[PDB]
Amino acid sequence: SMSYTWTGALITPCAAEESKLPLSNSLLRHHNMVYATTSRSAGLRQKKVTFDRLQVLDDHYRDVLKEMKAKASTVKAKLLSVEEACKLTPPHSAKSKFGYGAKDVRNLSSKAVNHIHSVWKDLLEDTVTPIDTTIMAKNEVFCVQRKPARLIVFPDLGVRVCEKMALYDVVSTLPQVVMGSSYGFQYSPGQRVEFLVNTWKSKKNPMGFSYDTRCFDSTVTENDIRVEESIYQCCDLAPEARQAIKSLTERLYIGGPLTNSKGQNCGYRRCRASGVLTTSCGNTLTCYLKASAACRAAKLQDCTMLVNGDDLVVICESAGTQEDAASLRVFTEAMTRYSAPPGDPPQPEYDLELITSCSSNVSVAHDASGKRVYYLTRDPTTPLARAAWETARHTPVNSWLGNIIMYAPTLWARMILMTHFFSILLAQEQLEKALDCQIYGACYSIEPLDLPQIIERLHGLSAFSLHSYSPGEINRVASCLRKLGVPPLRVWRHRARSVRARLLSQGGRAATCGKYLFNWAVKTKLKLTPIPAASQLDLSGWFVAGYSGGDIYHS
């Protein structure tokens, strides 16, 4: 079965697309290296993601599936009311083709609610007719060496709300129960590091590897998608939920027709849709299932998995370098049979720091006392490129804010992102202005002035005093700054001292940002005690589940 079939109709934009970087130069001067993907490259992506999938299952697969269902059976899940579902809808979510928008949904306008009721009722009465989806090219920023745009497939606003009602509770609670500690989205960055470091430490003689499935969404078969449903259905559910879940699966999740922005039929999908509520959960369960089975086929000893959607990292007991090399090829052959072939082949690693998963890795620094501290970091190229874009253009999603929150302990986030953006917020007098950012796919509204206590709550006080970073980490940053033409430490330190001073003179939370975020920039350090406001912060539903493509909004 083909993941996609196409009519020949083009994937079209719904607005003018910028692929070019037009204050921003002060951040990064090699602006010709920064580009954004557009629909013009859609054809290239279409070719990559269109192929025949072959799948052969074995006893290991079946044993693991049985084990997952058994745990899934302990879960009780609730229907969301229409109101609860509406409030989860982002204010700028794509409007319905049926005469109402996200604002109408959020306001609970009777037109929107009446339509949502009719969609739900239709779901219960009809469990066959494929549901329409829109296919678009994503507009994302990168640095050269060029990626063709990613494709986004999503149903109408009315359907998405119904998805929330039927499955939000399921995709928010089920994965963690089924996969336990292996479920990646339950962790803040600090917690993700702790689990990785400790898992590594716990092996007698550890070996680990990241596994990249080539175009994971396309590798997901209709069988895979029904297997996921069978897992959902193990939950203790209301008869209405079971019916809706079954209808959504047959009518939307397993596949359906693709319609472009102009309304033309572009083709038909028979794999994972990137823009539905179950994408993250489905991908995570499916990746976990196949990888767990593959471990057994490959006879990897004491396999420990960490899974985030299609992102997979494995840490096990080494059986020797040659033996490991051979075991990994077997693991890969098993994954391939399950319809999850690798992009670039996995390779054994024997240094935790060298394992990149979720585009990030663990590294070491030292706190004020000289004590060792592990933190999550990544190559800063993309974050910096997108930071430049967001400086030179108005964008609804502030990746820089999300990056500061997730990578606050890193040298590059502290040195560059905090300095550059707080300087801009000072000039524009928009310190008090709340901004939208994404965490694990979900959209959050956050006040930049709260960053100190947010960071203390997530990464601890040491985040404000990390030094003596690894040479490997610094070389990567330096190499990146060279590549992108970014000013060196001496320049950012000078800028940071200026911003820090200006922040202090405003007092209040502003001064707190100056004192904590920029203590690194001053030669005589302040004392930095626990921020009292860091305790009374509501940081519960931040790191519970993934929702990439799931159209979720919180707070």
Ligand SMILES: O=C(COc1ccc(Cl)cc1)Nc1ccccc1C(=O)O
Contents of the next structure:
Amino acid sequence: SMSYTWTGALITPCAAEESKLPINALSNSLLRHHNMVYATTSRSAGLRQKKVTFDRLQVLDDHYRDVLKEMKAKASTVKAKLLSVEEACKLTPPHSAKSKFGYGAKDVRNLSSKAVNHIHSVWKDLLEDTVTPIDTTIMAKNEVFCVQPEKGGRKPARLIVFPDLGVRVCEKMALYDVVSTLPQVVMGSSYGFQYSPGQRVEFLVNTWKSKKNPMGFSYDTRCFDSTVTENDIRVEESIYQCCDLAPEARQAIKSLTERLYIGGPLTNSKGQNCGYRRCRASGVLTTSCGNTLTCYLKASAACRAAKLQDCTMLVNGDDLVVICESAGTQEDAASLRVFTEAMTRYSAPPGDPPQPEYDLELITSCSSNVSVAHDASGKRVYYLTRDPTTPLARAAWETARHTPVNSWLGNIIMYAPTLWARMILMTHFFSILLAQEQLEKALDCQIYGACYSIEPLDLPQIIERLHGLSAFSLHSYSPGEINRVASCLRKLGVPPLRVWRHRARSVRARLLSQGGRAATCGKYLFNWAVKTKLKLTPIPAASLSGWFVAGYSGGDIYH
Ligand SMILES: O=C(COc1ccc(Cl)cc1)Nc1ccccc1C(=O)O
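Return one more block: the form deposited with the ligand bound, after the form solved without the ligand shown previously.
What follows is the whole complex; the chain from before opens it.
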């Protein structure tokens, strides 16, 4: 069936949209070519709708069914519990979209009389009605990027599709536990969200060394969400049902599936009807989990339809990477062809055709790759890096304009070992926070879809905990990585690494002169900037688990 049926009504903004870098005094200190940093808006939604709309075809295999059965067998190992309205209410982000029925996220968090009651009726309703499609709103996301390599190329807005607040709270009550528990049990170590960046690099590096003759590849499917068939959503519903669940939970989950997850009517911000969705919704609590289970089911099947080798996959929603035993150059290449044919047959066709790689550092999944550096003791150390462009792009925007979720902080957390995060992002923002006396101010950032409130002065403890003390000592970065950064610094008009050294010696000096927590930030985060480096002892006050358990992208999770 068609992933989308449109009425011709337009996907419309709810708030004025800014599309250009709101240039600043401070902003210009970070980036110069402010005319290569845009933000997506409603304007380009028509384009997105065209790319994301298409007919789907699926042809299941015995390979597919065998894997489904194993998954199910494994799923029937889990016992999930239903959340109390209190529990589900607390997990709601403070800024969450207000309900069309009078109350808001603030009321939900306070357990307001009217809030809980609407929630209680949406629940009762779900239990009584298992057929009326539930209404959802469709919006065009406002994310910023840097202009496509070639001067021109812009990204057309991504589309978010979500139900009413009251429903969202109901999703938490019935599936939150399933969604942060079942995925790992079913896919074991293949479940990507159970790892912190360091753990991911360790799993990829060892899996690569474990192979006698290693081959690896990342698979990029086109509009995964659109490729998700109604049947895919029901199959995934059956996997949740394999858990030991409460009678009401099975009922709430069965209904959410038939009324919301399988598909439903789309409504723009002006209450106008936009069309109908017969695929995954980017804005529900199961988007991430559904996508990971489904992507994993197809990829695994697709592996059997090829490899006579020892596959190890890492799956993060629609992101996939497999490392197996090479069977030779021309033979491996054949295998990926079959793999792609298999995946396409399951309604998961490729954007770019997958390419056999024989160098782990050349593989990129989750827009990241493994790279090598050295720690204080000279030892070789692997860490996860990224192409700094979007992070730098979004840092500039976040300097010039006030954002609800700020990526610079999350990038620092996810990429504390990189030379760009360490030298530019850290140096830039601690400088700003210093100037404006905002060091104690908790800020909101996101990890694996979930929103968190982090105090920038904890970065040290946080980083040692996730990356280890060595995140403060890496120094012999790859000629490759170094060029990548410098080259991007060129393109964006970001001052050279050499300037960041000086700036950071300054920032490190200010932090120190305030002792306590800022000095700790100065002592550990900028030890790289000083000439005569001083040794760093395991941070005492640094001894987070709920941080890398599961994925909640599009979900409505707060912590
Ligand atoms: O750029 C990426 C690409 O995604 C990953 C990076 C590292 C790991 Cl271990 C997994 C996904 N991630 C982020 C960057 C800043 C903040 C949050 C995130 C996130 O994935 O939650």
